[PDB]
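K.L.:
This is what each chain is made of:
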Amino acid sequence: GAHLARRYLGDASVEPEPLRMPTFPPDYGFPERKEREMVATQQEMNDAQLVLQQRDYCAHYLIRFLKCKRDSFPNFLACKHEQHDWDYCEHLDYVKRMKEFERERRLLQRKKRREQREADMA
Amino acid sequence: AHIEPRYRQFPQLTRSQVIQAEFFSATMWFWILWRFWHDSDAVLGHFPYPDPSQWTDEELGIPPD
Amino acid sequence: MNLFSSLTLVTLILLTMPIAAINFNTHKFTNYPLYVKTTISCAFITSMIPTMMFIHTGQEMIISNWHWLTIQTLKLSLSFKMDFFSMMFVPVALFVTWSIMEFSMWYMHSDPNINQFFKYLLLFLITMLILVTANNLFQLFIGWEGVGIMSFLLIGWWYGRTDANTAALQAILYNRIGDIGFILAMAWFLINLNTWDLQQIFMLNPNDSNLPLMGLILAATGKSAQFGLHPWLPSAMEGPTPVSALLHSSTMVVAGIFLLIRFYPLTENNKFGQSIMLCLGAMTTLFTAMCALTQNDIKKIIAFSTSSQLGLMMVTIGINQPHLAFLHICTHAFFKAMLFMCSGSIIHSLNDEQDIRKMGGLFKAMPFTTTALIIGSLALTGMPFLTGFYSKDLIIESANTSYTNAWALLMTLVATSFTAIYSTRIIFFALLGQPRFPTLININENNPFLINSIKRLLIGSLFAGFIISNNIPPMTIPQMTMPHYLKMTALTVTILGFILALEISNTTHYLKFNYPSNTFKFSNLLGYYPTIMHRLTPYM
Amino acid sequence: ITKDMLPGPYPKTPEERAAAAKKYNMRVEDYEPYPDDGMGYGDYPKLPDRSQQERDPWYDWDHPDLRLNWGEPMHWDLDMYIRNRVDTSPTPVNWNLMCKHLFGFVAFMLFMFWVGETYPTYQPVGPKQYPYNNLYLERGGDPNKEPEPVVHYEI
Amino acid sequence: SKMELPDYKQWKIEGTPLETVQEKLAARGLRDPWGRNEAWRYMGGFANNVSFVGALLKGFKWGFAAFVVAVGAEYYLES
Amino acid sequence: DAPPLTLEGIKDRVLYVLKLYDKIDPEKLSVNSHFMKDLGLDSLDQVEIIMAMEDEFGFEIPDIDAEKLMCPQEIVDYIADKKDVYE
Amino acid sequence: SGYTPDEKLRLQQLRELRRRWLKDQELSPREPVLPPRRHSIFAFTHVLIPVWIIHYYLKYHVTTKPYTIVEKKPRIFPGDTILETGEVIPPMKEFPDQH
Amino acid sequence: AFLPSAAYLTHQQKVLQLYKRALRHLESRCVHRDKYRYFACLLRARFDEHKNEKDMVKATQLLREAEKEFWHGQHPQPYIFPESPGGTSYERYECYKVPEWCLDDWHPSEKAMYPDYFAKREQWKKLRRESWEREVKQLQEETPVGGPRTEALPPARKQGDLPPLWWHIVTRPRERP
Amino acid sequence: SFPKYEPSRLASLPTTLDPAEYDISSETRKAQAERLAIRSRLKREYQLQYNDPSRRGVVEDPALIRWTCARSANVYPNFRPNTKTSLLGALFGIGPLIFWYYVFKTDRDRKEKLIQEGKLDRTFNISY
Ligand SMILES: CCCCCCCCCCCCCCCCCC(=O)OC[C@H](COP(=O)([O-])OCC[N+](C)(C)C)OC(=O)CCCCCCCCCCCCCCCCC
Ligand SMILES: CCCCCCCCCCCCCCCCCC(=O)OC[C@H](COP(=O)(O)OCCN)OC(=O)CCCCCCCCCCCCCCCCC
Ligand SMILES: *C(=O)CCCCCCCCCCCCC
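Residue numbers (the entry's author numbering), protein chains in the order written: chain s, 1 to 122; chain u, 5 to 69; chain L, 1 to 540; chain v, 4 to 158; chain n, 11 to 89; chain X, 2 to 88; chain r, 1 to 37, 65 to 126; chain t, 1 to 177; chain p, 1 to 128.
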């Protein structure tokens, strides 16, 4: 929660805004960056009736977990490993979002140092 | 026999109400310690929270210029 | 198909059958309350089968069984909606109601109008299951006005008392001020979407939906006792204790929260409605839980407790997490009905004594009531792996980790501390300390009605959060990666509330007389809000 | 009942005032009528505008729910000063201090909600990224058209 | 029908906080007349009430024993 | 709940309160024992005796009846009048 | 002081009349004179007969009408076998493993 | 202030009422029994410190500042007994306190269910209606001219006569009907 | 020293802090005796007819009949045209009518201007 004080009580020019970001190109700093690979087919989740919040890049573990939760009835506690797989993949997606935020912070620090060296030179 | 009311002192206790109350207190503590044993993560945390300052510039793609 | 909808309608027709029994009588009944308790037991067992075959697949349907009225483009059919909300609220409401009525066979045993009491309580149950199985706004308005009218009739149960009729008419006034907004919402949906059916409302997906959501928020403010329109719920403890236990803890007062949960596809596309709900809910859960810190009537304290929890529900609707709010309803029902039942057992044991300043010594004097009220207070505060852990803490885990009003989050955490403060206030003045009640101890709790009625909700308050939270399908993605000071927020602030209020409680045994300042006089007089608006606005 | 006990016009002469005080069953010196402006009160007494809560609750009343006696001249708003309605009872805190505290608490809390809405709290993360052109067909996009490609990248 | 009352001479305030009240009144020269009427609230089976941490931890011993026995059972059963 | 009190029981409870009181000797206390004239008590002590009755039986006596109960027989008679005993 | 002896004698006489009234409120052992007037029947008359009536009404009058009982279609997973068509749904791709 | 028998509270009665309401608000401030017991002896000693004061104007002055002390040290919600007015259980059973005269309007087939009760009630009615004119003529000569000055009713005087205005006091409903 | 209780119309001054309770003058004695006399006389005249066994009906209160005849039957003959009553009959009689008239006319002129221009969202509006 340091970023709240760094955006409110410090300066706002270097902390990235939540609403409009990424403000940079995807390959600005990335040579041969690969695209995300989708595992679940679109019709497979159109037939899985998933919530549109849940139709992200990791809903295949959720499809496996729901097939488990249906099939293992009445033993409602026999699907902990599918749940932990899906939670671990959500954890990795959250870590990727943190990497997006930290990439934006370091590029704004890069822009700050760039404009300060341009002002001190010219 | 019912519980006759007493005067200025501790009333008569049925054995059954006391043993059921102690049984549900022990059931509460058994369930709390059982689920704290098996889960231990809905209270403490499920996954380790990383540190964004320790990340290198190569994995985030920051060429130093 | 043939089993689900059949047992769905069999539950409702089975609830309507003792109304025909009490209306088609000549003789004096061989314990008609036992008949209604057996009937609601059977309706719970009947409603559990569609719940199990919803846990298995997720089978939702609609019973549009009786075409009632066609106003030129509006086909008002008798339409029931069996989705997740009906399937998880109907057995909880039936279980709580069956426990309340087996409590009521003992608490209202000396009443010569016990048949009218159980008739009114079953009419309330019928209207609430009209309210939560409704598929159009007209049938939902039937259930809405039905729980309002049974609120009137069950607050004014001892009608010779002037304050009971006063509180009933007050409750009617605040609920009709909510009805202004609900009829505003019905008017907007009929003029702009040509429907009251929820399906066409969700399908047409309006973008300029500020006015109908403000109408629904005003309806919930009237019904769920949010800020601006709260004081009828502290006044509504004037009626009988099973009335304040069934209706005003677990069944009626969640209807505005249930209305805003039912309209989640409209609130999830509007940041303005989410912001209004978040601000108003944080305001309510601050103010009512603060007013609970200085009361001595125990039913007032638990009324401010349940209104603070409704404000927390309004917060977690305002963060666009509706299923967590609904799980907090279905969790809150068990232990809050049980806390009112244990408070009523303390009241009935101490010869109609509701004031905690004349209680005490009830740790071993009422051991089953002591055990159950301690378990209820712990499940209120969010003790780990009791039922109140399986929603409320998760609320905090999504109230921190979202694009949120920060002051609303901070007031939610202050309210979370205040819950622990008044919970240990209840435990300290009621169960702890020394006897302060009169000298002829007629303390008794040895009725199988009372034991079984608190026992089933105690099994609920130990297991139902785990069981329901593991039987749902995931309708959201749970936020499960967060820093350790932010994961441990609600538990730490709850324990800080425990310790600070143990300091507050240990100040009472000091032999020092202090003049009360503006804080105690502010909160003890109900934040000064029922004083002015009940004297100044009806005068003008 | 007859004519000379019903309410009549406003009294002018003091012997009419004395006859009306005998009529309204009260003392002449405590008999005070409403101000003669034409609002239609007549000779009716200005009772001191206290509600029925401040009347003696232990006293053997003729009407115990209203706390009132037989023949005593009722207040003009006796239907209004009932114990179901507006009271006149004193509070331990003054009225003006209650107005100040309630208005100040409401205004300060709503102002802090506005400040916190201006300054939101959030998480150090980016936006939730969605496949298939940021869920174009799932959000209701028409199949005859093709959107711009919304492609996300590994990190 | 006829309910018998206990003795009125057994309710003396030695051992109660009424003794501390009477000592603080005697230290300034006053006397408490109503000690024996308040004597029953602090004596008998209403003496030595638990603390709040003693109230929360009701039934902790048998719950801890059931925890240890059942975890031993599931640890000896999983092999 | 709320057991049916009798005049013998109410009398024994009133004299049991007043024999727990340090300004009343338990061998001189009778049913006709006036407080200002047979026990020599203060009016403040009479107020505290009525307040002890109020804390005993669980109801409040108004001051217009509290200022006039000057012996335990009148106290038992007033509790009988306000409780309807010997039905 | 206490009461005047007029008040004491009045409360004495009123109390005597009140206690005679309350004593006369007791009943005789023959009062009230009343006028001269199946173990699982509850599961039969309140469950089975309403299940019969409601299933008959839903089957032969409600489902015979269009869109009255509209059932949500069941959730299809990769790995299902359809009872109507007979085609087994092809499963998902091998996962880009993470642990 | 407002009394049935008398027309004013005396200075002694004002001191008693202020002392009793002061201890009730004190016990509202002093929840625990021993702490209230100590402060109740302190308040008793403070009322005893100005007991033997002979100047009535100085006593009225001290009673005035005592009312200011009472108003300054009061509790917002004092403890109220349940059957006492303002309590939670006050006038609760007034919906069950049916008056007696409706017993005069039953059907005979529901009066025949309780034969002895109405056969015993008829002599109460006979005693009332043959006592009424005697107690009326007892009132009209014992009340002074100009109405009765106070609300106190006289008792009976003759051995065989009932007190005046007695019926609805004796036949008033019970506290638990 | 101590805060004074300041009165209110909705929260009046108590019995204790009012100075006219602590006056011991002779006219207060005589006024209390006169009020006691009238109250005792009316109490006696009430509870004679209340306990009267010949009367099976309603003890009429002349005060209650007087109040009901005051609230309805003394309205018009004691109405006089002056400044205060006519300005309140204009301020409270036709004032809010003018207010709601111009508000509703402004709103419907705005809505009809938006509709005849084709600018109001009236897509699924076919019930009216
Ligand atoms: C308890 C006794 C029951 C009967 C027992 C003995 C009979 C044997 C048992 C089986 C039952 C009888 C045979 C099946 C029933 C008849 C079937 C049939 O054709 O029915 C014709 C119709 C079906 O409707 P319909 O659509 O065919 O006809 C309506 C007519 N038009 C189209 C012109 C509008 O009627 C019924 O089925 C009526 C059933 C009503 C059940 C619910 C009543 C609720 C009342 C609420 C009033 C207010 C509502 C307001 C809100 C409404 C929503 C917005
Ligand atoms: C999302 C937005 C949310 C916005 C929230 C804020 C908006 C609402 C603001 C507050 C409005 C309600 C409060 C003001 C009126 C309250 C009236 C009331 O409840 O009175 C209670 C009173 C008795 O209560 P009490 O004295 O406390 O009881 C103790 C027992 N003797 O009972 C009485 O005295 C009886 C009174 C009878 C006569 C009443 C006459 C006035 C009626 C007023 C109706 C108000 C209509 C508002 C319309 C709004 C339209 C949008
Ligand atoms: C960074 O610190 C921002 C985190 C979110 C806003 C502040 C939350 C403060 C309260 C949570 C921690 C409480 C620990 C007792």
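It should be emphasised that the hints constitute simulated quantities derived from the structure, not laboratory data. Where hints are given, some of them may not hold.
Unchecked claim - Which residues of chain L face chain r? A few of them, derived with a C-beta cut under 8 Å, are:
{"#": "1", "residue": "2"}
{"#": "2", "residue": "5"}
{"#": "3", "residue": "6"}
{"#": "4", "residue": "10"}
{"#": "5", "residue": "13"}
{"#": "6", "residue": "39"}
{"#": "7", "residue": "56"}
{"#": "8", "residue": "57"}
{"#": "9", "residue": "61"}
{"#": "10", "residue": "410"}
{"#": "11", "residue": "469"}
{"#": "12", "residue": "470"}
{"#": "13", "residue": "471"}
All residues carry an ideal CB built from backbone N, CA and C; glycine is no exception.
K.L.:
Flag every earlier hint the structure violates by its number, smallest first.
P.N.:
Per hint list: 7, 10, 11, 12 and 13 violated.
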